[PDB]
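Visitor: Residue-level listing of the chains:
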Amino acid sequence: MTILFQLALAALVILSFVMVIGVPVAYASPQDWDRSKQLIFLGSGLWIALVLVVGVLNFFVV
Amino acid sequence: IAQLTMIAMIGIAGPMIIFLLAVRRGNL
Amino acid sequence: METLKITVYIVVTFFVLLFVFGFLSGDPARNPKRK
Amino acid sequence: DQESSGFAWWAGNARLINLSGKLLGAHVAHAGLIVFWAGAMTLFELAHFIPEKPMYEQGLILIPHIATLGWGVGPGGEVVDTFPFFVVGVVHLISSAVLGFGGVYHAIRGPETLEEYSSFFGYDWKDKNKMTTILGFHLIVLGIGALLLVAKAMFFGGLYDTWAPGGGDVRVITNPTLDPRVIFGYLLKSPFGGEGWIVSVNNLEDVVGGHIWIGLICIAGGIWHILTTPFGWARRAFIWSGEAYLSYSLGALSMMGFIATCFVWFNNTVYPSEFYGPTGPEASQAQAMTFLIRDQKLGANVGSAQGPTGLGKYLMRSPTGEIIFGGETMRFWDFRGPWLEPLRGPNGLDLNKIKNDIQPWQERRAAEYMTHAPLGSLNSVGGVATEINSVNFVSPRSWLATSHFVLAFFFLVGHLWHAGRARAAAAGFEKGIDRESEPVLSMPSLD
Amino acid sequence: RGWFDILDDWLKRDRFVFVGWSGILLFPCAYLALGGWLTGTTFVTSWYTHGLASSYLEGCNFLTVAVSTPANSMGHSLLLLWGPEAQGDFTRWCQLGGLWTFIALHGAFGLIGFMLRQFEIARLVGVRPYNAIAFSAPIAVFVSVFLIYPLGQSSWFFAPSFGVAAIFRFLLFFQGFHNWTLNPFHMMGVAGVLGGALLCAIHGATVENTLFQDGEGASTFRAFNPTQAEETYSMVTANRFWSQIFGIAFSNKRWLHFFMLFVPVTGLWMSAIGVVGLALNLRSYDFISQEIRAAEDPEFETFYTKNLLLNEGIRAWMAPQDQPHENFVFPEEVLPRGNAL
Amino acid sequence: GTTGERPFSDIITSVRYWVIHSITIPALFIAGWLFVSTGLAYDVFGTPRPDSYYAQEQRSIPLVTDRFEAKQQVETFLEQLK
Amino acid sequence: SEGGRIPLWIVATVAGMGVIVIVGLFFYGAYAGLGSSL
Amino acid sequence: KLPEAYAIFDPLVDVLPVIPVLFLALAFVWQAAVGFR
Amino acid sequence: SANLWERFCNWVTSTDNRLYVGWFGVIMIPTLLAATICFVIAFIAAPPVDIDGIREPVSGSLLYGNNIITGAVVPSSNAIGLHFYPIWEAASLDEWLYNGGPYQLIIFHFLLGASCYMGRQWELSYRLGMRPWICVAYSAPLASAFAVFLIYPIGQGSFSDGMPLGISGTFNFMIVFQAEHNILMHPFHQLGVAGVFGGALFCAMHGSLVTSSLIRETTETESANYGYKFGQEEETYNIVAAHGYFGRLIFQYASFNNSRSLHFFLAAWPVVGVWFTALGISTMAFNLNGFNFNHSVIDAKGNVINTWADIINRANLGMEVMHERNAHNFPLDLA
Ligand SMILES: CCCCCCCCCCCCCCCCCC(=O)OC[C@H](CO[C@@H]1O[C@H](CO[C@@H]2O[C@H](CO)[C@H](O)[C@H](O)[C@H]2O)[C@H](O)[C@H](O)[C@H]1O)OC(=O)CCCCCCCCCCCCCCCCC
Ligand code: CLA
Ligand code: CLA
Ligand code: CLA
Ligand code: CLA
Ligand SMILES: CCCCCCCCCCCCO[C@@H]1O[C@H](CO)[C@@H](O[C@H]2O[C@H](CO)[C@@H](O)[C@H](O)[C@H]2O)[C@H](O)[C@H]1O
Ligand SMILES: CCNc1nc(NC(C)(C)C)nc(SC)n1
Ligand SMILES: [Ca+2]
Ligand SMILES: [Cl-]
Ligand SMILES: [Fe+2]
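Residue numbers (the deposited numbering), protein chains in the order written: chain BZ, 5001 to 5062; chain By, 5019 to 5046; chain BI, 5001 to 5035; chain BC, 5027 to 5473; chain BD, 5012 to 5352; chain BE, 5003 to 5084; chain BJ, 5003 to 5040; chain BK, 5010 to 5046; chain BA, 5010 to 5344.
Just so you know, the hints here were simulated from the structure itself, not pulled from any lab data.
Think of the CB as a built atom: it goes at the ideal place given N, C-alpha and C, for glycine as much as any other residue.
There could be a bad hint or two in this list.
Said to hold, decoys possible - Sample of chain BI residues with no beta-carbon within 12 Å of chain BC, all distances over it, derived:
1. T5003
2. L5004
3. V5012
4. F5014
5. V5016
6. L5024
7. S5025
Claimed, not checked - Computed cross-link-like contacts, BS3-like style, restricted to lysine-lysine with a CA-CA straight-line distance of at most 30 Å:
8. BI/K5033 <-> BC/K5079
9. BC/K5079 <-> BK/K5010
10. BC/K5048 <-> BC/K5178
11. BE/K5073 <-> BA/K5310
Put together the whole structure using the sequences plus the hints.
Guide: Okay, structure coming up:
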């Protein structure tokens, strides 16, 4: 539960760091954002579940 | 103790997201 | 003394009206070209 | 798309004056930075927050904003649960990512213009209706917000009322002053000493009540603009352009910035001295309290004590006859406060209560506030400029008030500047006098 | 032709950083002055001199650091590295404040060299030397304040020490001891500097908002002809503007610009004379008629009398740690103080 | 609009430059650092170390009181220190 | 090895952060050094 | 302080506040890269 | 009559008036005549004012023992604080002159008018087709009068703490300020002196460079000024020769060649610097004062090693301890 929580919360940070540097260069070079429109979509969708994970999971640790 | 570790990365991050664009040359 | 207050008040109203009804009078209009 | 053959680099953002879409990313990306801050700062504050210690002694300015809405606090501003703080902090921090997304999106991928990718959102500056309407939408969003407060106070919990009968405490307002005669009375109040205008609000009923009026009056105007166009004068009076509109909102913020500076500096109610520090006048008052209290214990008759000038070491009279504290503190005789009120009579400070009704909690309140006046240095060294290093402190009331006067000011310059530009832009000469038709040259010599 | 004309030739050669004959004096000094300061600011102390920490090495920040004056014992000694004081020794020199007369005297020559430069470069480029005339003003200030002044006092110790805060005390001192703010010359001084910073601002804005349109852009900066021709702003329009808002207005750029040289240069010249007088302590301290009435009548009070009391406090509370060589001891009971404070 | 000197822009961009200064710059830095950290600077400038303003007991200042026998007087002040 | 190769905009943002770092070290030194008050 | 669990992020949260400033900054990194057009 | 009011508005706004009485002017002209007229009478004949509210009148007018340098118009009483004190608020004028009534009548009308004076510096520029912004340069000196005459008093809780209207009275404002705020040690004031010093500096630079690079058109025994006629087409100085000299004094890229960029800088510098100085006084009006480095550097044992920052504190204490002799009854100066 706890480590399970620190995992979700900690991974959620690295995804953000990655997501943040990503989306930019994404819409940036139109070398796609069609193939990456797939990547970004998964990052975005993923992110939300994660927040919801840490959200609900918070009430069990603290 | 030394969370300067943090700053450092999130710091070279800003310039990175434009540099990679200087490489993939496009949309600056 | 209660008078002076009245007078002063009147006097300041005059000018303040003259001021609002002034810029209201289509001030943008007043200038060299485009209006 | 846009480069130097638009505007100069350092005026870059003006190249977006006519690209609705991108000009939306900006506002959506920016609004992100504010949420980000609000959120990211709260957690910073909480990360350093020490429960058993005054908030004002910790450089806090957001947690105290939450505390006022009745959250995580109880009797006398005692901090009970730090959860509401952590919550409000993280929530914002998250929404910052959501907004930030949209911002970045609308400014580098989505449509560079809107008018075509949807005529509902696309807009025309000179479109007196689209303008009056979008304004109308926002006038409703803000209106709902004003009620979002009225709700938290009447239904969801209350607000921190320092004037609390039993002594400062979270109280549920269930009797908002709705009497227009009173509510709007405040606007007809002098902004000088005593009658303080808006900043003189001193009880939560009026605060809550007044917000009720604003919420409605506000949404009412939101609908009215949705359903209308500027009349005639409204049109022959203003300038209709992208800059001109900005300017008008610039001068508007400036003014609100000055009003805010005075609220946090003077007001006791919506800015509880329990979370922020003691007000400027409140602290000078407390010194008089402290020493009238002390010396009185040493056997001095405060009522008849004569000071160097022959005016009254501890108590003197104000210009209209009321009994007030003496000393340079004669300038703050307009200070009212929970801790000091029980000593006031129908004629001001009552010599009998002062003589035997002073309570210990008041003595230490006066002492606390006396030693926490809003005096400090840039490098945060609490006290008078000649003081010694040791007590690292600068009242939250000082920080807030200064920062906002600066911002308020520069914005008034911003106003003048963008308004001056708009008027020349309109008539059309904001780029120079027509070498050919030089206006001055067609005017008679004043000589 | 000859070694001299060849030496010349080389010097007056148009480089990135023009050297010139003048440079032979300017650069050696100018660099040594700047250098000595930067050195002391971070390394040398003022302990043996003023009982003060004065360098980064001791804990001072950019505001509190400084190259403090020599002891009062030194008197007006030039304090040469190899003179009777330091005796060739360097470290001692440092501790006796040799670095002050070093920065002082060197920078002094550096201002001579620089003005000469202007004069030399002016001549070559074939323009009038009004840039040199103007610079007389700053020389006067430096000369009168960092040299003539302390030369009139007991020693270099009372000259302004090189440093930010160390200069603020020079200000406070002058108020407290010389009641300098009440001096006719200091006033003229400020009228000029204050009035000069006005012409600056006012003229600048008058030009930028009285410009002709020579471009199609909003950023009108590019729209400028580096190569003369027409006036870039309507001198005629400017005249009418001010003539209607202020009542008076220029109308002769040649005069408007000469005026701008005059106002601040004259101001600084006056502020200098005032100080040349403070050297002999020949100050503008009091108004006798005022003092006489204040003596006989205890109910006469002006913002002037008020100030003089502020001075008494400044002198009494500062003198002790500000003039160490005087071994001042002022018992708490002798210290002037109002009520409560 | 020009003189002999090689346009800074070109130099600040030349990989040769950095190849040289990546060495030189930090070089100078580490040197000055050591200048302070080795306590050498304190002796080069007679500047007191945190434990050398006063003697343990004394609370008086080592004020130089006469020009000519100044150096001599200063030396004696160092005497009391330790 | 001359002729611009190290892109300028990078020389700057790098030499730039480099200064905010050293000047920032100074600001930290203000709450710890000798220039402290503790 | 930060709820017991998140404590591991104390340090992280210590720098978050300053980020906004960075953006105003980046806009300059960018223009420099795009040669101030 | 094309319509009286229609006409009136045409006159007021007329750009053919010797002095442009504008719309802002309709408020300016009267307020400024009141401020000026009341001042002149005050300064010459007003009687003593109990500035500190402790019944200790400070006479500051000529006829009552003052000379130009000492004389001043004294601030309203401290007994009054921030309360509005219009003549119709006094049992009599005698009472009004004693509590420093004239001061308010003057500062309020002046500040009012001086603002409109700004509003006017815009209007005329509009009616004349010239770019605005000049009025924005004047926002700095105005924003100062405001800081010194209103913000500081609001902040401090009394008009009696506003800067007096007189020479010496101003030095008083300064000397005390420094004691209570240690302004010389505040970033904003420093930026202020940079702007003022700088201004004067640049004012001299421009002034000389230009005047020194004027094209010859005058005799050897004829005012070099005549070489210019009002309403010229081409320039009167060689801005290329100017730049040529100045570029060599320092070095080329460190010199202006664009008269527009030159003049922007020329205006920008002082105005920006004074803006900060005004924000300084407006900021120290809420007690956020200058840096306090008192007893920072201390030695190995704990002894306090003084810096020039300390010598400054002593001079400040002298001022603190002696100002307002009889006005304090307690330990801390919180007002
Ligand atoms: C025409 C265009 C003009 C453009 C002009 C642009 C001007 C721009 C100005 C920009 C910014 C001004 C910024 C101010 C930042 C203030 C930071 C600060 O206050 O930070 C405060 C901190 C803390 O200071 C520390 O404060 C500390 C302690 O407080 C305390 O801490 C202690 C424990 O640590 C105890 O608890 C104690 O009781 C408690 O009070 C200690 O005393 C330290 O010893 C002390 O050093 O700052 C320090 O250390 C600070 C060392 C500061 C040097 C500061 C210089 C500042 C401004 C210079 C302007 C120069 C202009 C030159 C122009 C030239 C040409 C134009
Ligand atoms: C504070 C907010 C802010 C915002 C929202 C904008 C927005 C915009 N600006 Mg400015 N600008 C700013 C501040 C800001 N600016 C400042 C302070 C300056 C002075 C230095 C300028 C100077 C300037 C100029 C000179 C120009 C603009 C232009 C533009 C537009 C550029 C479109 C583009 O080319 O994308 C390019 C974007 C990139 C190459 C990468 C940026 C990625 C950004 C969005 C995010 C970085 C954060 C992070 C990594 C993202 C994580 C998101 C998260 C959800 C995962 C755009 C609408 C241009 C214009 O007006 O065109 C018509 C133009 O010429 N701006
Ligand atoms: C703050 C103001 C704001 C505004 C005015 C707009 C306006 C617009 N957007 Mg965004 N957008 C924003 C913020 C904003 N957006 C943010 C923060 C994000 C990131 C999450 C996005 C992400 C986004 C995307 C990915 C797209 C747009 C698109 C569009 C355009 C759609 C027009 C259309 O064709 O019909 C579409 C009709 C609508 C979009 C309106 C329906 C809105 C619903 C779905 C949500 C309302 C929000 C929320 C759930 C309500 C609160 C509920 C409560 C219970 C809590 C329009 C101009 C689209 C576009 O580029 O079109 C050309 C598109 O593809 N926007
Ligand atoms: C939140 C922003 C907001 C904005 C930007 C606007 C903007 C506008 N509204 Mg509006 N309105 C709003 C909210 C807003 N409203 C709300 C909440 C309501 C509900 C009450 C209304 C109700 C409303 C009505 C009923 C009307 C407008 C009208 C107008 C237009 C008026 C043009 C004008 O001359 O005004 C400038 C105001 C003046 C020139 C009058 C001068 C008044 C003097 C006496 C005092 C000025 C203030 C003083 C100097 C300082 C403050 C003192 C303090 C005591 C208040 C304008 C575009 C008019 C219109 O034509 O609509 C289509 C109209 O008839 N509005
Ligand atoms: C409240 C909203 C607001 C908005 C939306 C705008 C929007 C705009 N303004 Mg503007 N302005 C405002 C308020 C506002 N202003 C205020 C209050 C002032 C008074 C100071 C000004 C003064 C102003 C001027 C003088 C000018 C503009 C201009 C512009 C346009 C500039 C385009 C650009 O590239 O940005 C430019 C942004 C930059 C170059 C970034 C530099 C910012 C510097 C000056 C300050 C940074 C401050 C920060 C706190 C310091 C931290 C430093 C760090 C190292 C620690 C743009 C449309 C320009 C224009 O051409 O308009 C038509 C112009 O010349 N504005
Ligand atoms: C919250 C309170 C709000 C209160 C609002 C009170 C509003 C009171 C009056 C609104 C009056 C509009 O009044 C009308 O304005 C137009 C300009 O637009 C004037 O027209 C005016 O301007 C033109 C130029 O444009 C002049 O040549 C003309 O002589 C002049 O009169 C009308 O003469 C005036 O009657
Ligand atoms: C046209 C002469 N060149 C020139 N250059 C400069 N450069 C600074 C940096 C001093 C503004 N100033 C001037 S006088 C305003 N003139
Ligand atoms: Ca932490
Ligand atoms: Cl007094
Ligand atoms: Fe000029």
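Visitor: Checking against the hints above, which ones are violated?
Guide: 6, 7, 8, 10
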